[PDB]
Structures are given as C-alpha cells and as structure tokens.
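**Student:** What follows is the residue order along each chain.
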Amino acid sequence: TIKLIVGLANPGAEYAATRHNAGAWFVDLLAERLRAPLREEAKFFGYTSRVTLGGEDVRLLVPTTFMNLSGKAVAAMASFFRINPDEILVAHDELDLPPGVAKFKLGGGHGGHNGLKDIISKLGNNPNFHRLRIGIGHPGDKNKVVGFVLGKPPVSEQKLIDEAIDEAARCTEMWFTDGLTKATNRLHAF
Amino acid sequence: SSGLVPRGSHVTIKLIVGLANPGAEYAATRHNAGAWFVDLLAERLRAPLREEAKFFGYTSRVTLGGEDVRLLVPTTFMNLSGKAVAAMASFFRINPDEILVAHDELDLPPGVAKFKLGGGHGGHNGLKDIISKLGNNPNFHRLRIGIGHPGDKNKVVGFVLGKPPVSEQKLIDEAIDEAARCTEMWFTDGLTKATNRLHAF
Amino acid sequence: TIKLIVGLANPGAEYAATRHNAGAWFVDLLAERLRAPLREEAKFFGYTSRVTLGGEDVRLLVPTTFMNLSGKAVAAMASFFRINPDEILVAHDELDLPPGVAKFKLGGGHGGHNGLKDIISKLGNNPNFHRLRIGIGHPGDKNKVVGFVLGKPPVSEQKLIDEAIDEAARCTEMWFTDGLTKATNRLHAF
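Residue numbers (the entry's author numbering), protein chains in the order written: chain A, 1 to 190; chain B, -10 to 190; chain C, 1 to 190.
Honestly, the hints are just simulated from the structure, not real lab data.
Check each hint, because a few of them may be wrong.
Stated by the list, open to error - Here are the simulated SDA-like pairs of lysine to any residue, each with C-alpha atoms no more than 25 Å apart in a straight line:
1) A:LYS72 <-> C:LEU53
2) B:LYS72 <-> A:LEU187
3) B:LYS43 <-> C:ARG39
4) C:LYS43 <-> B:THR181
5) A:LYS72 <-> C:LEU180
6) A:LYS152 <-> C:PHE190
7) B:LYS122 <-> A:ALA189
8) C:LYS182 <-> A:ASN68
9) A:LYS159 <-> C:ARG33
10) C:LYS159 <-> B:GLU32
11) A:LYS3 <-> A:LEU69
12) C:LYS159 <-> A:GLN158
13) B:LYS152 <-> A:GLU173
14) C:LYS43 <-> C:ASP57
15) C:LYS72 <-> C:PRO127
16) C:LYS43 <-> B:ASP57
17) A:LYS159 <-> B:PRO154
18) B:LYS3 <-> C:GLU41
19) A:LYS152 <-> C:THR184
20) C:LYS182 <-> A:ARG39
21) C:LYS159 <-> B:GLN158
22) B:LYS159 <-> C:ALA17
23) B:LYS3 <-> C:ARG39
24) C:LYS152 <-> B:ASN185
From just these sequences and the hints, can you work out the full model?
**Tutor:** Here it is, written out as structure tokens:
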C-alpha cells in the first residue's frame, strides 16, 4: 500500500521541460486528473497535494530542493506523516529504458540517478521504496549525459514519454479498486 | 443558447450540478458533458472544484451577482448522482427550482445547448436518480448539452461512454462556452450588465 | 527590479475569453507555473497571489474592477506595500502589435487602452511603470474596435497569442534568477 508519491525534478522555468523532470511530469499529470494540483509547502521543501485514492489519503510531492537534495524533502514529509519507505513511490527519469516505456520496481540500485542516491541516503540509508522508472533513453557516449538529462527532448520523444506517463498514471488510478468494485461501477456508469 | 425562466423575486439559482462519472477512464466521454460545463464555469470564475466527501463529489463556491452560487460535480457515478445532489441541497436548504443540472443530451446535436425547467428524464439515468432522490420532484433546471444520437438504440452505451471525434468536440465546446457565457448573464440584471460593458472597455 | 506584476482584464465568464483579458492570461500562466494561483483579495479589488522570484517577493494581481477602473486596484496594492511605479509591470493587450508578438516597455503612451489610462491617473499621474505589450492585432476600421477587444479570437490567433505569452512568461521568470543562484543550482541539478 502507498501513502506518498514523489515526482523527482529540479524547480524553475529553466528545467521545467528537461528530461530530469520526468518524475514531476508524472505526478503533475496525476495531480491534475485527480483535481488537486500541487501548491507550495515550505515545511517539506517542495510542492505538495493530498488526494483520496480507494478512500485513503495519498499525498503527492515534487521537491523544490533540486535533484541532488531530493532526499531532504522526501525524508521531511515521510517522517511528519510516519510513512515507511515501502509506502513511498518515487517517479524518476530512467536512462536504462527507452522513451515510451515505463516500469515499476521496489528497492534495488540507484542506477546513477543522483535524486535516488540522495533519497536512499536521507531515508536512513534504505533503498526499499517503490520506483516508477520513466524511460528517457541513452545519449550514446557516457559524456553527453548531463546535457542529455538537462536537455529538452525532441517532439517525437516527448510524444512517446507522454504516452508512457499517461498509461502509468492510468494504472495508478486503478490500483485503488478491486475488479468487483470496478464492475459494481460500470453498471452505475450509464 | 436559450430558455431559462426569467429572474425576479425568487426566481434564482443557488446550486449548479455538472453530471459525470469520475476517473481518467471516463473524463473524456460524452457522459461527462455536464462536468465539462461546470469545470469551465468554475475555471473562468477562479474557483476550481476541490474534493468534498461530505457531498460525494467535487465542489466549489463562486460569487454571482453578489450571491453565493455553489458548483458540484458528483463523484458517485452517473447512476447515483441523486445521492450527492440531495445531500448538498439539504445541507444548504436549497429548493429544486434553485438547482441547475447540466447533462449530456442525445436529443440535441453537438453544437447546441438548451435550458429547461422540469419535465422528462429523457432516458438519462443521472437525471432519473436526481428526481427520485429529491423526494421525487423533477422541478429543477436543466442545461441540455447536445451530444447527438448514434442511430440505433443499441450502440447507445458505447456512445455515451465514448470519446467524441475532434469535429464533434469542437462543436460541443462552443455550445458549452456559449452556455457558460450565458448563465453568467442570467444572474446579472439588464442595467448593471450594460453599465459593465461600458467600463469593460 | 520588479515587486508587483499586474495582468489587466475584466472579470466574469462573460469576458474571460476575450482579447482584453490578454494581461490576465499572462499573469495566470505565470501564477500557475509558479504554483500560486491567484485567490480573491477584496482589500485590493482583484485576485492576488505571492510568489518568490530570485529570492525576493513578487506579487501578482488581476483586478476585478473592470478595465476602466484598473487604476483603483493597482493603486491600492502598490501603496500598501510601498511599491514604486518603476517596480510595477503591467501586462496588457496591444492593438499595435500582432498576434504572436509581445514586447516590454517602460512608461510612454497609453495607446488608447483605457486600463492603462486609469492606472496612469490613479498612480498620481505617472506613466513610468513597465508594460508587457501582448499583441492582439487591429480589426481594420476604427469602428469594430470595441467588439474586437471584447471578442474571443479565432483558434489560429489564440494559438499565436499563447505562444507569445508562454515565451514572455518563460523570460519573465528567468530574468529573475541571478547568475550566482543560477550557477549554484546547476551544481545540484544533475
């Protein structure tokens, strides 16, 4: 069960469009579709919101700490509400998967992503939280990497990431009902 | 866009309900036409709907001709719309003839919208439930947003629960705009309105 | 330096979509991107919000006074916070520039726009505040003008105004971060 969903990013018009904000992209989609857009909450070093999913509180966060210090916010908020690492879902860009693919995982490696690195550290050195890996691709040589994650993707790629993010978001909504509630409802929908 | 009763002593609207089904699943479909409308109003009036479990939907408060008007979109699912409408209306002691209920309409085509007081539920289950749950009283205002007919009485469910093509959407959005611009005028009086346009330049 | 940004418009569902609200369109975009949408504040006769730009308070206002009396609100607020005219930025529709163009200026003529007229007057007769001129175009003859500004533009034009507004808002926000905060961020941004 999930009590907090964190979308990793760097704040600012400067970065808003870049590949590193993929996580935010996802949480902002969720947020908008669930009708509670993230507003500033300095107490947790990001922008936050509260929704209700399957009749329980789920909280959304996008840290305004900058990728490096994501940990700070994630830690802050999770302790305030006494949420365990395995109840946290962290959405991030992923160089290992391609545009148009997204995947879930519990724990495991930080795969070179500094936002994750810090979250492991600041969560008392515990990598056992859920990740949503939003595929962005590899630039080819290990050199062009920083410019690549801190770069805006071409329309063709954006088209593909948006689709993966949509589907991921769609699935998220659906976690919170069981097949028998989900059929109880189609008979009410019409 | 035509057909509200003219304003007066009472006559007057305290609650606007935009009928729909909740979920990304249905957000886009023809049945959410009502919500589409209320959301447009809400956004233009700068008070987007936020969750309020007390009334089983999303709600917001706006100010129109200096009077509280409240907006509701039920998260109950079309079938049980009544539950929410009823809940809210009793809490605020609002009468049926002060409720305006916006819905998709198979009788009118994309691009047309019309107002009505009372009368038939025209097969729409959302309305059916509201009449029932309001102590069996169909005397509330409706905004009929035209969506069209799929032809045969069979493909109907898929049609209302379907997303419309861009050509149709374009047309529904225009009607909804106009309606939302319209409702606005209905609350205003003839003299303040004109005087406002005068200052609006 | 800028302490208050005003986006000129008329309130109501009636006008929300019209060419006169171009100012509001801009401030609302800023506001939304900065995650502090404008809420009602009767004290200043409009909707207002507070953001933080380059670590200083910037305030956003969209007067609910109606174009004609825009001054009233601009004046009220600016005095409450002791803001000078050259620290006010005022975004308005411009019949001199076309759709898809936007431009900044300090002071100068009111160019027929009544909203600016009243602001000059109500600011103790002082035209020395900054303007963002969002281009909306000319209807041709000096007659159809009122219907034109109080009209909704066709999609083709809207598409173009939104692009200019976006750009303006991207620039506006970024002209606020200094090089030392900019540089300090990239350090953390990857």
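**Student:** Sort out whether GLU41 of chain C lies within 25 Å of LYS3 of chain B, counting only the CA atoms.
**Tutor:** Answer holds: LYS3 of chain B to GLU41 of chain C is near 23 Å, not above 25 Å.
**Student:** For the pair we were handed, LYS182 of chain C and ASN68 of chain A, check the Cα-Cα distance against 25 Å.
**Tutor:** holds, 15 Å
**Student:** Are the Cα atoms of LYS159 of chain C and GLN158 of chain B separated by 25 Å or less?
**Tutor:** holds, 18 Å
**Student:** Verify the proposed pairing of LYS72 of chain C with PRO127 of chain C, using a straight-line Cα cut of 25 Å.
**Tutor:** holds, 15 Å
**Student:** Would the hint linking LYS152 of chain A and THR184 of chain C be met if the CA-CA limit is 25 Å?
**Tutor:** The hint holds at about 21 Å.
**Student:** Given the hinted pair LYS159 of chain A and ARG33 of chain C, is their Cα-Cα distance within 25 Å?
**Tutor:** holds, 21 Å
**Student:** For the pair we were handed, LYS72 of chain A and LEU180 of chain C, check the Cα-Cα distance against 25 Å.
**Tutor:** Roughly 22 Å between the alpha carbons, so the hint for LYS72 of chain A and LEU180 of chain C holds.
**Student:** Holds or violated: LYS159 of chain B and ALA17 of chain C, Cα atoms, limit 25 Å.
**Tutor:** Satisfied, since the Cα-Cα distance of roughly 16 Å is no more than 25 Å.
**Student:** Hint check: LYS43 of chain C vs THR181 of chain B, CA-CA at most 25 Å. Holds or violated?
**Tutor:** Holds. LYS43 of chain C to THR181 of chain B sits at ~22 Å (cutoff 25 Å).
**Student:** Holds or violated: are the alpha carbons of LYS152 of chain A and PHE190 of chain C at most 25 Å from each other?
**Tutor:** Since the Cα atoms of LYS152 of chain A and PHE190 of chain C sit roughly 14 Å apart, the hinted pair holds (cutoff 25 Å).
**Student:** If you draw a straight line from the CA of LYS72 of chain B to the CA of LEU187 of chain A, is it 25 Å or shorter?
**Tutor:** holds, 16 Å
**Student:** Holds or violated: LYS122 of chain B with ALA189 of chain A, Cα cutoff 25 Å?
**Tutor:** Satisfied, since the Cα-Cα distance of roughly 17 Å is no more than 25 Å.
The structure shown violates none of the earlier numbered hints.
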